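Left out: one protein chain. Kept in place: all the others.
Order of writing sets the chain letters: A and B. Residues in each chain are counted from 1.
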């Protein structure tokens, strides 16, 4: 009967997989985007960098950190849909000119708009992504769309 | 051997936890922008868009525009429309053949809840369908903006 149980439990698990897959699609509409094993989700409102960063970390994730063209495109979809530029997780607060992820690791991908980053004004240590997907270093005190990744 | 037995017993415990946890999250997830009816789930985006844009949003999300195929589904959909107090677009149109409304697949309707006198192709240019807060349907110009509600 052990084989029978495995047969039965697998039926329940595959039914669970089906239900879960459906609820996942529902979950991401319309404020989320999945790319690979990563999920981006916007809070739907704007906040300064520090507050946005805290919201994501307290939620068990971190600010959007596109590490490839594919991830950047998925994130771009949310920014376009909300029509609001969003903050990324990277900053060059430690070493001006050198942007890093929250862990301190150097960028493995970038999509800077022409002429960026320019540390305009002498104090732009955060990064925002435009509706066109391009990046721009921006003053961390400005308010931008909050998008976290999980 | 008994090793497999122990593993099956372990799997049963993990599965029961997932089922209970998932049962709770289903309710949490659908509050307040979703409605479950049978094996279908309606989810509103909370904003309005013209038909073509609304349709694209749903298809890109892995679903399609709300397609109520029974009174029960139509009532579930109506709940979201009433909550947002915004009439919504359905997926059906008679863009191909005037007077013949079909689902995106091309199949003819299996259920309808037209308000009296509808569809009337008003102005000779209404190929889309909207559902009112009272649950009744009305054919409407696809260029108009209505609440976006997808089904999954």
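By our rule, a contact is a pair of C-beta atoms (placed from the backbone, for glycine too) under 8 Å apart; a residue touches a chain by one contact, two chains touch by 3 or more.
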item: Contact with the hidden chain (one of A:43, A:46 or A:81); value: A:43
item: Selected from A:17, A:93 or A:123 as touching the chain missing from the view; value: A:17
item: Sole residue of A:2, A:69, A:70 or A:80 that reaches the chain not shown, by the stated touch rule; value: A:2
item: Contacts of chain A with the absent chain, listed as residue ranges; value: 2-3, 6, 9-10, 13-14, 16-17, 20, 23-24, 27-28, 32, 39, 41, 43-44, 55-56, 59-61, 146, 148, 150
item: Contacts of chain B with the absent chain, listed as residue ranges; value: 4, 7-8, 11, 14-15, 18, 21-22, 24-25, 27-32
